[PDB]
Amino acid sequence: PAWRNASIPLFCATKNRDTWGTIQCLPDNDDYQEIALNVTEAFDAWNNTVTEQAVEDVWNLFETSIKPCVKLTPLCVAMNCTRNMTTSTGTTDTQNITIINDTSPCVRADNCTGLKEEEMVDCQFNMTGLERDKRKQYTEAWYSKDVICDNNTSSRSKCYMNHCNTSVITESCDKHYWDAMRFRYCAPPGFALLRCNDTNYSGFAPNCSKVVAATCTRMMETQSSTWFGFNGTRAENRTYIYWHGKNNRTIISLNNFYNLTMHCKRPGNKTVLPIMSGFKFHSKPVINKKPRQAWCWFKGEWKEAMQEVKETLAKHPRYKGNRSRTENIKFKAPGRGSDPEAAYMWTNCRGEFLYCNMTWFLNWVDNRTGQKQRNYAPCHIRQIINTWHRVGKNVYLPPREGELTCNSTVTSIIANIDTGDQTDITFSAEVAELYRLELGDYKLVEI
Amino acid sequence: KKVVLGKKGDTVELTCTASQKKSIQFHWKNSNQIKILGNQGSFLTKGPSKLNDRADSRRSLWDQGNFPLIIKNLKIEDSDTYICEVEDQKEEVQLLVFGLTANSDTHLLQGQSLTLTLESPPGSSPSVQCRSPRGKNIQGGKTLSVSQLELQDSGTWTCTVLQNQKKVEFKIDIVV
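Each protein sequence line maps, in turn, to chains Q and A.
First residue of the first sequence: 31, per PDB author numbering; consecutive thereafter.
First residue of the second sequence: 1, per PDB author numbering; consecutive thereafter.
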């Protein structure tokens, strides 16, 4: 038959039965039927209405599931800020390798050497809150990497936040988080969904020789992550890279053979037994001294997956670099003064967002001699969390007390590929590239 | 295009024009195609340039449709053209920084000669038109020397430079 393009959003069929899943989505009955077609069609992983609908639904789920306490819109507001310097002196750098697992004594007491305590900033500002005509004062904490001050010599001076998202909208916030949710995009009757099923799909395809028709989409994951991708569904038994046709924005998937799993854990209050002390049988509890830091533990064959990523990049048809040399290609983080997502990690662990140092993981993966090679990343929880889809900003509650564990499987890597004298692959903060990897071969057509 | 003048140390504003009201991704590029400031969604990615700690912006008008470029501590070598990249369009902005200073701080006796040192960027043709409280509007080239300087010729002289129909004021400290 003959089909034309459409931009009407579909209806979603989910398996979880939360509030947002019941309100905005239908139940899913696993009625996934695929019909193979011997037709040639054009598929775009970026210029598709299904991708934008999926990203909009994921952003709606993020806004509705975990509600911010403060919602912020772009407006520069003059304010007076003081600088509380949290100064901790570091010791001599030890270059010995320490493959630290979950059975180490430093992680359980939560007194193990991690990231620095960043200098928190207190600011006072008078704006209209819920009432549009009455100015109200608020005092909330901000970090040192998201502030810009006119006079750096004085402790108190007129300063601005980064991006000027400084308009506080209050909201009664409760610590809610969404679990491992899955859904699919079922087409309405009178409409069909086409899936590009070729093995050589690289995001762009003007000619798709393997088009498979279906009434619903495949399995999905809504775990937000920068620099990585967790619990993905399109993790095949191969490594494949996607390249946008106009810029350097890319998305790189991984392989299931190496079993790249993800474990992020933050200890809270450790107590040997509920407090029952006395003359005898009294014991101390392990109190927390740095509750604002966390830990994420990388497991699996990371270096062989990296080598397969290098081989897939060198075997890409549009790659302009040296095919015969693979040691020139290296993974580099963006420099200092960049985004917090472009400086550390950003992943969700039951409502908690963790910002982890890539530098030790970069030294371990890329086997850089003379530097600290650690198979993990020391994390630090940010109370100030950036947004990725729309221009906004949110402030959350202080974290809970206890252990909030998470288990995931690393399936994809968000990165930007640049080709030159030295092939520098930097990492991007585009969370939408995960879903553009997941359903970029899907495209709605109108019967 | 429009050209502005810097006062050798203060801040200058290089506004952009946009009517989309979407807060789209914008780029700041110089004449050598070197990244300085940019947008990544709702972010700023500071490119590998020499204005990492000097380039800033008033970001209240992101939703209004104007993207300024605020550069502090302006120098002679920082004068370069910049282009704004919104909606696949290039809006060239020209920036020129100059200054004027002397070599004698306070030892200016009566009847002594006056020395000036005009600091100008290369590729420019300034025209010094100083104004005096006594009505002495001396006009000449770039380097100006006055053979007369007395107690009655003190004060802050208003020396300006006419270049492409643009002129700004300065202050000269004379102590006798």
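Be a bit skeptical, because a hint or two may be false.
[To be verified] Taking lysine-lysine pairs in the DSS-like style, the calculated list, with each CA pair at most 27 Å apart, reads:
1. A:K22 / Q:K97
2. Q:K360 / A:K35
3. Q:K276 / A:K72
4. Q:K205 / Q:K101
5. Q:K146 / Q:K320
6. A:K1 / Q:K188
7. Q:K188 / Q:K97
8. A:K50 / Q:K101
[Claimed, not checked] A partial selection of chain A residues facing chain Q, derived with a Cβ cut-off under 10 Å:
9. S23
10. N30
11. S42
12. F43
13. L44
14. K46
15. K50
16. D53
17. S57
18. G99
19. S113
20. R131
21. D153
22. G155
The set of hints was computed from the structure by calculation and includes no laboratory data.
Beta carbons: idealized from backbone N, C-alpha and C, even for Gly.
Quick rundown of the hints versus the structure:
{"no.": "1", "hint": "A:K22 / Q:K97", "verdict": "holds, 24 Å"}
{"no.": "2", "hint": "Q:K360 / A:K35", "verdict": "holds, 21 Å"}
{"no.": "3", "hint": "Q:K276 / A:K72", "verdict": "violated, 34 Å"}
{"no.": "4", "hint": "Q:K205 / Q:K101", "verdict": "holds, 16 Å"}
{"no.": "5", "hint": "Q:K146 / Q:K320", "verdict": "holds, 10 Å"}
{"no.": "6", "hint": "A:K1 / Q:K188", "verdict": "violated, 33 Å"}
{"no.": "7", "hint": "Q:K188 / Q:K97", "verdict": "violated, 30 Å"}
{"no.": "8", "hint": "A:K50 / Q:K101", "verdict": "violated, 35 Å"}
{"no.": "9", "hint": "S23", "verdict": "holds, 5 Å"}
{"no.": "10", "hint": "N30", "verdict": "violated, 18 Å"}
{"no.": "11", "hint": "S42", "verdict": "holds, 4 Å"}
{"no.": "12", "hint": "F43", "verdict": "holds, 5 Å"}
{"no.": "13", "hint": "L44", "verdict": "holds, 7 Å"}
{"no.": "14", "hint": "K46", "verdict": "holds, 5 Å"}
{"no.": "15", "hint": "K50", "verdict": "violated, 13 Å"}
{"no.": "16", "hint": "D53", "verdict": "holds, 8 Å"}
{"no.": "17", "hint": "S57", "verdict": "holds, 9 Å"}
{"no.": "18", "hint": "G99", "verdict": "violated, 22 Å"}
{"no.": "19", "hint": "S113", "verdict": "violated, 39 Å"}
{"no.": "20", "hint": "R131", "verdict": "violated, 32 Å"}
{"no.": "21", "hint": "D153", "verdict": "violated, 37 Å"}
{"no.": "22", "hint": "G155", "verdict": "violated, 30 Å"}
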